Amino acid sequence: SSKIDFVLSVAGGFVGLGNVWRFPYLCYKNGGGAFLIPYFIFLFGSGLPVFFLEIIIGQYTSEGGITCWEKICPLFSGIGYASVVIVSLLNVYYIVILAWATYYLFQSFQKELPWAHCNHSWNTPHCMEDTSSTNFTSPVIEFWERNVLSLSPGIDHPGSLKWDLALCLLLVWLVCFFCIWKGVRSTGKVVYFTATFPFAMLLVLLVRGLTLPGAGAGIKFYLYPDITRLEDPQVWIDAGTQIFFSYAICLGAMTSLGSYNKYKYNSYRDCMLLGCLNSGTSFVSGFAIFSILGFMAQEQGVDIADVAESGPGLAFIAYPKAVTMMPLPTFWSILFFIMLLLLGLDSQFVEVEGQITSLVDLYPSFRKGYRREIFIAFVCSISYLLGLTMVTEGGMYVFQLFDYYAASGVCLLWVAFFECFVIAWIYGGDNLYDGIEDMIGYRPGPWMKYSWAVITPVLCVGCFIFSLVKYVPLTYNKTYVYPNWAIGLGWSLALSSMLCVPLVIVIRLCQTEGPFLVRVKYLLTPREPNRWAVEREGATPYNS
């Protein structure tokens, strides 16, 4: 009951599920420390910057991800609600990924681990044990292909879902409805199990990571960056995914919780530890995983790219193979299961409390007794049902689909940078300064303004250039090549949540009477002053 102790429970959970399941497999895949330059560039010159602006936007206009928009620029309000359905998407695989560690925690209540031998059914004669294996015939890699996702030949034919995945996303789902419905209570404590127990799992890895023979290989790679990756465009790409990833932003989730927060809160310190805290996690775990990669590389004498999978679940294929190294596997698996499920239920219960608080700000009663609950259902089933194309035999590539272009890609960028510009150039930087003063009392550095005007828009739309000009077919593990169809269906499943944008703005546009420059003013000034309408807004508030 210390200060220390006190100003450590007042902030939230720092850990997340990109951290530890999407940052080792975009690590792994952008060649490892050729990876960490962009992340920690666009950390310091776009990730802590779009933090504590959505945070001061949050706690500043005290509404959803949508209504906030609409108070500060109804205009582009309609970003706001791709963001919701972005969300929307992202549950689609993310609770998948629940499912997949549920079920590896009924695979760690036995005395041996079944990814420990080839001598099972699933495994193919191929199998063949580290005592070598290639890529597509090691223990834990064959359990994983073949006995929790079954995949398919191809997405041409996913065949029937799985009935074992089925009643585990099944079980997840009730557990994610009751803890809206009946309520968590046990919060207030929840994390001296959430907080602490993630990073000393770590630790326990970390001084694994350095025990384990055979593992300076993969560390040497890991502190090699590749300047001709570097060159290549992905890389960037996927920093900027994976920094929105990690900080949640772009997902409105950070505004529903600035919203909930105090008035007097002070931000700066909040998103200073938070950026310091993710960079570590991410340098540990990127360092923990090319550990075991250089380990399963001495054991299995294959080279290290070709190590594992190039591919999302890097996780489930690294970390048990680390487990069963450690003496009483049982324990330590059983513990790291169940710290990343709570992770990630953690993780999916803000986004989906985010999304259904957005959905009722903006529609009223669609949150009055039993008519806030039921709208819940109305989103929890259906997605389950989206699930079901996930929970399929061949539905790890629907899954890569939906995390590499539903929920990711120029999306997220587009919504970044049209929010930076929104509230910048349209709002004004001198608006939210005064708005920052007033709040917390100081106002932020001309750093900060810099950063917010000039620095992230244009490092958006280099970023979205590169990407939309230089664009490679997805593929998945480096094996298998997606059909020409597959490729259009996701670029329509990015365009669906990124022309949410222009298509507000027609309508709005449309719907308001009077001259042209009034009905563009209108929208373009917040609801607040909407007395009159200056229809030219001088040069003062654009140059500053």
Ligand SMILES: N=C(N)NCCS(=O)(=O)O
Contents of the next structure:
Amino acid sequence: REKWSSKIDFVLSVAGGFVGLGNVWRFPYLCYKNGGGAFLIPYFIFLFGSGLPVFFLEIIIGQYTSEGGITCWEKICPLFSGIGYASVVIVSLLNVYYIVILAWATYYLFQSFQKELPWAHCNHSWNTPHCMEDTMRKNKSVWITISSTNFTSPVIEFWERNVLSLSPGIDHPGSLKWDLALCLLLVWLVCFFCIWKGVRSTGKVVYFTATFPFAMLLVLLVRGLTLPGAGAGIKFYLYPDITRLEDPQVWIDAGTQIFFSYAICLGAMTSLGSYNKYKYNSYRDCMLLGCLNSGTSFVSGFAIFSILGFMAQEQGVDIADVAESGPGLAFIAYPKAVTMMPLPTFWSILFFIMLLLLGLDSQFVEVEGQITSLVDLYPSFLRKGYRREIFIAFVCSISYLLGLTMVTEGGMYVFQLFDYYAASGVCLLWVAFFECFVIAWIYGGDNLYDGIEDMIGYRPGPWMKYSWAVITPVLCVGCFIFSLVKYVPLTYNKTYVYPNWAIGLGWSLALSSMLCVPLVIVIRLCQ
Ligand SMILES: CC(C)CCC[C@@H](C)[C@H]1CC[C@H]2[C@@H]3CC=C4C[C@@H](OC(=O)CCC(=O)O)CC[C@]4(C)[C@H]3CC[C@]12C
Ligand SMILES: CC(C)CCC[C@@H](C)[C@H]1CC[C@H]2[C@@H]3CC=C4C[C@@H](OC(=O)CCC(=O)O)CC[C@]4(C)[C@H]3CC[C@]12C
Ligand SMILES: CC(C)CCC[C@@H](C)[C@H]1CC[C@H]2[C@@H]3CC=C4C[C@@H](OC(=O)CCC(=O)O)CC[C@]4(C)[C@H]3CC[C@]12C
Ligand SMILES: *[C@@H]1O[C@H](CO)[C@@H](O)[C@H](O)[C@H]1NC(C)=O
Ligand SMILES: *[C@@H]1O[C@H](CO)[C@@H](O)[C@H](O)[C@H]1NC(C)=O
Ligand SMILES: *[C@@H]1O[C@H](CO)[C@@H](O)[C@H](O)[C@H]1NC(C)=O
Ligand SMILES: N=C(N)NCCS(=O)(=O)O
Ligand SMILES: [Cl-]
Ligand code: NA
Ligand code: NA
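Switch over from the form solved without the named molecule to the form solved in complex with the named molecule, please.
Now the complete complex, all chains and molecules, led by this one.
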């Protein structure tokens, strides 16, 4: 019922909504898991094919219908309202597992206040006799003679035991960790208190909050590019291997990284664009913001892969045999980088503060989008007041209780299963394909273009029309069929095999989001 007070608020909110952990943490290890470069080819293809057109489509639908995640599809096609519900389920699961990264970040922040960084060396109560210094790991006298593969690094050991304490498998949950639960509770309390008061933006602090992360990223890039072995990392990151293009995995994990980074199919963008003025030019902004996001991801990829190549040269092993083919890549690369900056504790605190800022503002945007998408369903009941406040309290408490399962001794396997099935992969393809299909073949590209021209002042080019019509559905169907034809089970890191019931649980997680689309159709057609 309210609009933006000024047009800078919309730009700042959208800039803080889709820039964060998906550009600095998830993109690097997805690039690292595959060859690199062979991941970039489908990335840019998917970018210019679907990433920008669907984002602009969501913004235009929000601006043209003046509604949220679910109700927007009611003014387009009532039969396909299940896309909103699927988006809400996806964003709920994402909210559940996405704050554990912030919990690890605040655990590192609290551990950073010591005079000496704990992960710099290994002289501790949780170190194997196999540990050796990263500087001393590559030595022709003591390491290359024997036990080359048995050795491990202090950073990896810290991440595996002190923070994670890995159990032998998912079948052995172990005991609960109380400090991580406390950190999770603290982050959830901060998130709840920032919505109690409805604090949004500032007067003379936004130009600090939105510019400090970029300055920190610039310092990180300058540090990384000046380290030995950065050229090998850049070559690994850029030059593609044509053989890997025949594996469905790279094609399916390159087209979903973009859908994750641009916050597509979550219901957040169709609500962010709702408060805009009717006669406002959003094309230029959608283009500039997409350019900013993709450039940030590409530059951060340079920054992380430089130090990755440096570490691989330092340990004297293969590029693919360092760090982790999983969610722990950032928490191994970045701390190793800040270990060598002057005054390491200060830069460590600054880096974890900016990481928390990037994660939190996104968390705020996604929680706000979920709450809006919910309250447009029931305005009278979820009227502003105490009811809406206890609603947020209940949602936060339930999400904390569910996320407790990832802080046990076997929570890492649950976390990897969630990352791979919950709010990524095939469900994103499902919802994106249905969105593009319903908007291009049921509603009409020309019919939309008339609305844009009425709202923007001129007729746009036919690029997005032909994108929505053919380019995105073809890719979405091809990737899905190609993955089904050649099936490969998920493996955590590289040497681990999941039990069959765990894979069944993951497929149930994905199908919980998928089946919203056909069940709503059969329910509506029943009566
Ligand atoms: C799957 C979980 C872990 C995450 C997502 C939960 C919510 C997005 C879902 C769960 C149950 C759903 C509710 C199940 C039943 C109904 C009744 C339904 O009412 C009717 O069928 C009557 C007509 C109408 O009220 O529109 C309205 C939607 C609603 C509130 C649903 C709204 C969306 C809810 C809360
Ligand atoms: C992924 C899970 C573990 C965390 C997030 C779950 C929530 C997004 C879901 C779980 C159950 C849902 C609730 C289930 C039932 C209802 C009743 C219904 O509200 C009413 O219509 C109230 C009765 C009326 O006055 O009509 C729809 C909203 C609500 C509160 C739902 C809101 C969304 C909730 C809290
Ligand atoms: C871990 C998983 C397997 C738990 C179970 C998940 C499903 C059983 C839930 C999750 C979301 C639910 C859906 C959320 C929203 C709706 C819309 C609701 O339709 C309406 O509110 C309007 C219908 C009409 O107006 O005709 C019908 C129930 C349905 C499909 C729900 C059916 C049950 C679903 C698929
Ligand atoms: C660190 O290593 C020394 C050996 O020089 C050992 O005596 C000491 O107990 C270690 N510190 C621990 C295990 O906390
Ligand atoms: C390699 O090991 C030998 C003996 O253990 C030691 O003298 C030498 O200093 C080590 N190399 C480096 C670079 O420290
Ligand atoms: C080291 O790893 C190898 C296999 O990679 C294993 O056979 C061996 O037992 C391990 N330990 C030692 C001391 O070699
Ligand atoms: N939208 C999702 N799924 N995650 C946030 C995107 S980012 O801010 O981490 O780039
Ligand atoms: Cl990205
Ligand atoms: Na952000
Ligand atoms: Na992003």
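Superpose the two forms; the largest set of C-alphas matching within 1.5 Å is the rigid core. Numbering follows the first chain given and starts at 1.
- When the two forms are superposed on their rigid core between these two forms, the C-alpha shift of 2 Å or more among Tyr222, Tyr104, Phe76, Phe336 belongs solely to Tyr222.
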